[PDB]
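Visitor: Each chain, letter by letter, is given below.
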Amino acid sequence: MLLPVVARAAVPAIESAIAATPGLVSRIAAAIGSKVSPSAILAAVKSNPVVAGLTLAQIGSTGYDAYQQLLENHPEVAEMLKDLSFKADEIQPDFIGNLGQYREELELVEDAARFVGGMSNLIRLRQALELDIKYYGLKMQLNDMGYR
Amino acid sequence: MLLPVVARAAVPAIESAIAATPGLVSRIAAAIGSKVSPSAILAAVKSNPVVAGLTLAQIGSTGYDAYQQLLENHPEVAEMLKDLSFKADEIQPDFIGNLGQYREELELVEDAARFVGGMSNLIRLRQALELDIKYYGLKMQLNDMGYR
Amino acid sequence: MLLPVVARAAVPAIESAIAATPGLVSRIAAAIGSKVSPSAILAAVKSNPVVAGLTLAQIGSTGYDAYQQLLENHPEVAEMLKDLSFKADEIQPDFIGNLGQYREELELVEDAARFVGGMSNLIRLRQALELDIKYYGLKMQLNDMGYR
Amino acid sequence: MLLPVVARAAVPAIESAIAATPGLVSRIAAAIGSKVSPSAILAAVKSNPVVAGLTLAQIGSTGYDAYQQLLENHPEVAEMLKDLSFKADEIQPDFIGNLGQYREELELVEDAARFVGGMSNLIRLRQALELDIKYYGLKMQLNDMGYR
Amino acid sequence: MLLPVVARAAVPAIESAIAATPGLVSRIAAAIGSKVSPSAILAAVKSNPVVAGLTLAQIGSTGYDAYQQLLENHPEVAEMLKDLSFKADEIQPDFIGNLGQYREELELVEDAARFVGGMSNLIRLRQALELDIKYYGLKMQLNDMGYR
Amino acid sequence: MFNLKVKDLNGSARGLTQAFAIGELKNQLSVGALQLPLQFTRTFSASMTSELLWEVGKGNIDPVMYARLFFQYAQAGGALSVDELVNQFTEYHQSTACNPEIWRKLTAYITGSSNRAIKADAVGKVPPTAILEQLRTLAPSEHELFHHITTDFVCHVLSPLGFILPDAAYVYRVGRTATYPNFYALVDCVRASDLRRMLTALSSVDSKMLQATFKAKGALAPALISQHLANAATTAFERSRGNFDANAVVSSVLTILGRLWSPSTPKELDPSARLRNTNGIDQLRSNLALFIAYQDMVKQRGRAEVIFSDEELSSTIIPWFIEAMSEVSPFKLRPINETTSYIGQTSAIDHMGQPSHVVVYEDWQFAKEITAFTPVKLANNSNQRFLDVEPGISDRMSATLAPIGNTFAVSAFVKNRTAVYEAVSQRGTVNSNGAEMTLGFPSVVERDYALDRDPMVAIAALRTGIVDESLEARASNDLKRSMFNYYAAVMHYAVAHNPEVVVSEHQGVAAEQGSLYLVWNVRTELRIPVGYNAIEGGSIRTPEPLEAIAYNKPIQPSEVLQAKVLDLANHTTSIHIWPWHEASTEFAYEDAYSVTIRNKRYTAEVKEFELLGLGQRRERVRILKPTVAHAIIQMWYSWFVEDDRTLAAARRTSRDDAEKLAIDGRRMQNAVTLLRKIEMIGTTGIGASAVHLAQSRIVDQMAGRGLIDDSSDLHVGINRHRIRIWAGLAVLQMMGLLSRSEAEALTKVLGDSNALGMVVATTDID
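Residue numbers (the entry's author numbering), protein chains in the order written: chain E, 1 to 148; chain D, 1 to 148; chain H, 1 to 148; chain I, 1 to 148; chain F, 1 to 148; chain B, 1 to 766.
No lab work stands behind these hints: they were computed from the structure. Careful, some of the hints might be misleading.
[Unchecked claim] Only pairs whose alpha carbons sit at most 30 angstroms apart, straight line, appear in this in silico DSSO-like list of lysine-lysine:
hint, chain 1, residue 1, chain 2, residue 2
1, I, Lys134, D, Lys139
2, B, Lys125, E, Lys82
3, B, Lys208, B, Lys125
[Unchecked claim] Quick list of simulated restraints, FRET-style, between CB atoms:
hint, chain 1, residue 1, chain 2, residue 2, range
4, D, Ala19, H, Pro38, 39 to 49 angstroms
5, H, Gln127, D, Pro38, 37 to 47 angstroms
6, I, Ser26, B, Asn533, 38 to 48 angstroms
[Stated by the list, open to error] If you want a taste of the chain E side facing chain I, the calculated C-beta under 10 angstroms gives, among others:
hint, residue
7, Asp65
8, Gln68
9, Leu71
10, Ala78
11, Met80
12, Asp83
13, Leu108
14, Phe115
15, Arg124
16, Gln127
17, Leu129
18, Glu130
19, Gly137
20, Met140
21, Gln141
22, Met145
Every residue gets a Cβ at the ideal spot worked out from N, C-alpha and C, and that includes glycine.
Work the whole structure out from these sequences, hints included.
Guide: Right, dumping it as structure tokens:
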């Protein structure tokens, strides 16, 4: 059973998406494993928040707010839905041998960062040295007039 | 009496459905047992929240949000409303005979889950052993460069 | 003295009723018993919450929302306004003689309810006996597999 | 990752910017370092709030409100996002020689301020001595009538 | 720096004022001391809340809400903004010579107010002795009936 | 340091509010409309119990701590529940006790003879690892903790006979026990008593008659051993059988307590005068841990139903629960004034008497011991490794940390907060908002260090009530347990300091049948409410346990709160299976001291082994983490930085003269005590050695440049006070007690005050 606080905003968004197109109804019926009829998949949405979350993962254009509301209400549907929703992304063939060419150089970045302090300290030191000479001259002249 | 917060959403929706069609007025008069006039069925709705829930279940295209809001604000009515609004689902002829073939499969699934951990752990381990080898090589190379 | 949160929704509703028709001005002047001028009835509404609720009970279409809001925010006026707004329902002559025929039915229903539990338990038992037999077989087969 | 209260305002602004022009897609792809595709940069935004802040620093017309809302609901991204978002201003050639001529003015102003009180007291004293004589006469006459 | 809560309501107001007319751009550039470019005055607004208050004082209709919101969220800017944003009121020719004729009047008013009570009590006593005699007769009649 | 607004307590601190405890996501919760007074006088609290190490490989059976290992394996192992765990253990024990073949086969193995008797002299020895490895094959299961409990049962009954080697040992860790019982913890304390009744029958098997006939005759057949074990196994199995559901016992004894606590129960469902006069209901009625467990029960379940016969069965199920509690358990009944005495409170007072800021803190004791070990494997691809302690490093760091514990008290932190808030106060009443509350609990940040958890997620859990789903189970299950403990401890403190409590019943939205909540009747003698209620009548009725703290007086803690260090020194021969890597840290460090001597900069590097008395860089050694020391130092640092930021915010808008001089003198007094504190740290064991090494690295670098020796009156003193401040920061840097960002910010705060100049200005004489 799905809670009514979620269901009030979750049901008409799915119904409007079905009224927009029925080509996603066969997709969600083959995805969850229910009957292809809209009343059957809507009853499955009303009776199971996991099925509701899988439908709100199949459509997320309008069902993003309802997905966030079911997310904020039930945590366990998210803990199970991260496992049930997993697509392994395509990896490049050149990726690991390409990443081997940067070992010589990330080491150099870290050996600088340990000396300077933080990462932000390194970035700000880099910007301060790359900065123009007239800013150093302005700093010296404000110190000459007696300001700090 | 019916709650005012419930009534402000329940009364104009029912009256709008009445002004839409009077066949539903005759239908809800036959369903509840009140007099067929709109004033009589509305005086029943404003008096009894069970009868208000029965009418908001008889009209369902336009009264869904008010129905779920009544179900939010009155949790005491939910048992009797679920008992009175009940239909037997049409069961399939081949269903239990098809189900008895799966005792061989579910037993193996549960025996694997007993060894692994949870069913979430079984899903994640099946995904990992289904995963490509390049990701294992990538994790080995990040460990080789000195990154945990 | 009426509350401002009530009055900000009550006063434009009464103004809209006056802009709808001026016969209701004479009607509420005869009902409350104030002067027939719209300024006098609009001053009486802001002066007395009882008079405000009586006006919102006189006019019915647009004033129902402001009437329910007044009934929310003013609990002390509720019993007095229920007393001042009382009308006897029309009773049919054959109602009591028709009711007297039903004690034979109701006594048996109350005895069966005392045996079973509540009326909800009686309804659930009547549904469980009225249900199909394949559900009994399905329950037996899920217990046969070992699932409870 | 990015909070949903920020993301529900961030995602439609990025969607409107991409639907308005596709050149800013290539701009943010070269700026952040993601793939040029809208799905990839939107996934980077939804995954990393620093990347979301870099995109909202790239697009500036309709992204200021989402940028400030991210700065509200993410206090810890602020220093690193400021260090990453730094454009040095173009200093004029005449500025420090122009500033070298105001050492005469500023020292006299500071000596008079140390005499009077604060800079606010110096400004109020200068306005009072610049003010019209009729105010002095009015102050004298109001004191003469017995008012202070 | 400027708070984001102020900034969200402050920055598009100044942008809409510049889009309304460019004659205000040179006005606020002369008033603050910025360059005539809108990017320069916008950087000055986003950097200094005193400059933000001076710009929201120069544009008056569309930025009064952002002005009051800045004055809510920054109590520190208020005294310095009142010191900078000052214009002398024009005094009438015969103002003090006209005011010299009221020492006869206001002394009598204050001496009467001391005997009466408060100024509110003197106003209510003046209205009670200005009021018609039929109210006195009605008070005596309601006391004749024993109502108090 | 957790800062909350006592007025907007919903959006401020939802994780500790009673509206959230009984299911109000909205702010709608009533003032005390319909009421019924109550007086609580007892509570089930746990003892002063911290985690420890216990070994299982020996012939002993300790039933309470095998129960505790079941608790940790079921809960902290990610398993289902200790209820299901004890159910599967009863099934396992039934299968091995009602089977005669097993107790013959593994006596044939460990005696060596199937049919013929053994003589008294030809008695050999088999180690218990071997009998475990064949018990795994004969009587299979999936839980090692059953094979251990069978193994040392048979080793206990054969150890006087001399058939087993006493050599091997083997050790696990046990975990941290909560103080305040959940509904599920009450269920588990009912199942653990039945498991203890199971195991104490196995613990009493003697084999004295078998040993006596062995000595008297000279021989015995293996059938006597196989009978004498399989009789005792069934005598424990007979104790195992015939028990109640712990769920259906606790849910039935909590529901009737609900129905005779509430003021608005129906007359129909209402306990009659027999069960109400049950011997013990008068004691379980005035109990507080049961109230908060009832709230959690009806929170989780939603409702409650009775199963037992409500007249005579339930009037003899109740003393079974009373016996399960009153048995030696983790949870013992104590008076309500005893359990929450480490909390303290202070406030900042207006001229009318009204609080502006209220501080609530835990009083701790600084633990000042530390251990250094090295991990030594047994075989590759086997995590059976064991680990050797090293004195001469742990002794050095203990002798360094022992003076630092004598300068970091917890009362002297709130005592400095109060001086700040009295020194920056204006003369004007506080009406715009309630008195803001800071609560200093070092235990939150201490568990954040102990579990390697971001502090943002714990502060977010206490703020918005909910926990995060992204992080793993072994941190989320401790976050939720910790959060329940904070809610329960707040209500024990509030009820023990306002004993005038009156039970209402929430039925506004009413997503339940009946869910109860207390209200308090504290008398105030104030006029403007902190929080949001009405102050009418000389006393206030508040529903929330935190406002009732916001109206108290200053309270002084009578007991410190103590955390003890884990024990690696005593059992140093056993092998260690518990995760030693999460509770130990890598220890390596580099620092450098720079000083300018007449327009020339001189730098002196230093390493950690040069400070520790070592000559060679050893790289295997690991320190067991000092989470209590690190938490106390982190609370001190965050409070120092916050006080300085508030004085820098008030000095700008003082607009006065005497108050402005007071703020400036407060800042100067503050920074010089900070400087003297760090400099007193820099004279300890590691610090003095860092001084004596960095001076030598500086002096042998001025060798080429001939320079004239200076006055040696003030110059020695100035360079001494600068090198000691450097060493004092470096030692707290090298132990984990201070991050480099916070040491650097603390150095900036000490540097921009000219604090060393103001300290040397009192080592001159005019």
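Visitor: Confirm or reject each hint.
Guide: Right, here's what the structure says about each hint:
Under the criterion of a C-alpha separation no larger than 30 angstroms, the hint pairing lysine 134 (chain I) with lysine 139 (chain D) is inconsistent with the structure, at around 85 angstroms. This hinted pair does not check out: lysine 125 (chain B) and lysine 82 (chain E) have alpha carbons roughly 54 angstroms apart, beyond 30 angstroms. A distance of roughly 20 angstroms separates the Cα atoms of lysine 208 (chain B) and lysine 125 (chain B); the hinted pair therefore holds under the 30 angstroms criterion. The supplied range of 39 to 49 angstroms is broken by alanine 19 (chain D) and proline 38 (chain H), whose beta-carbon atoms lie about 30 angstroms from each other.
In this structure the supplied range 37 to 47 angstroms is violated for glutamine 127 (chain H) paired with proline 38 (chain D), their Cβ-Cβ distance being about 32 angstroms. For the pair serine 26 (chain I) and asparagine 533 (chain B), the supplied restraint of 38 to 48 angstroms is violated, since their beta-carbon distance comes to about 59 angstroms. Against a cut-off of 10 angstroms between C-beta atoms, the interface hint on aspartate 65 (chain E) holds, since the closest Cβ of chain I lies about 7 angstroms away. Interface restraint check for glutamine 68 (chain E): the shortest CB-CB distance to chain I comes to about 5 angstroms, inside 10 angstroms, so the restraint holds.
For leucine 71 (chain E), the shortest C-beta to C-beta distance to chain I is roughly 8 angstroms, which falls under 10 angstroms, so the interface hint holds. The beta carbon of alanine 78 (chain E) is not positioned within 10 angstroms of any beta carbon in chain I (closest approach about 12 angstroms), and the interface hint is therefore violated. Contact between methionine 80 (chain E) and chain I, as hinted, is not supported at the beta carbon level, the nearest pair being about 19 angstroms apart and thus beyond 10 angstroms. Of the supplied interface hints, the one on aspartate 83 (chain E) is violated, with its beta-carbon coming no nearer than about 18 angstroms to a beta-carbon of chain I, more than 10 angstroms.
Taking 10 angstroms as the C-beta cut-off, the interface hint given for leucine 108 (chain E) is violated, the closest approach to chain I being about 19 angstroms. For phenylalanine 115 (chain E), the shortest C-beta to C-beta distance to chain I is roughly 18 angstroms, which exceeds 10 angstroms, and the interface hint is violated. Interface restraint check: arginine 124 (chain E) against chain I, minimum CB-CB distance 6 angstroms, threshold 10 angstroms, status holds. With its C-beta approaching chain I no nearer than about 6 angstroms, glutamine 127 (chain E) sits inside the 10 angstroms limit, and its interface hint holds.
At about 12 angstroms, the closest approach between the beta carbon of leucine 129 (chain E) and any beta carbon in chain I exceeds 10 angstroms, and the interface hint on this residue is violated. Taking 10 angstroms as the C-beta contact cut-off toward chain I, the hint placing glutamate 130 (chain E) at the interface holds, the least distance being around 8 angstroms. Hint status for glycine 137 (chain E): holds, given a least beta-carbon distance of 6 angstroms to chain I, under 10 angstroms. A cut of 10 angstroms between beta carbons decides the hint on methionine 140 (chain E): the least distance to chain I is about 9 angstroms, and the hint holds.
The criterion of a C-beta within 10 angstroms of any C-beta in chain I is met by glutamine 141 (chain E), whose closest approach is roughly 5 angstroms, and the hint holds. Because the closest C-beta pair between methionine 145 (chain E) and chain I is about 5 angstroms apart, less than 10 angstroms, the hint holds.
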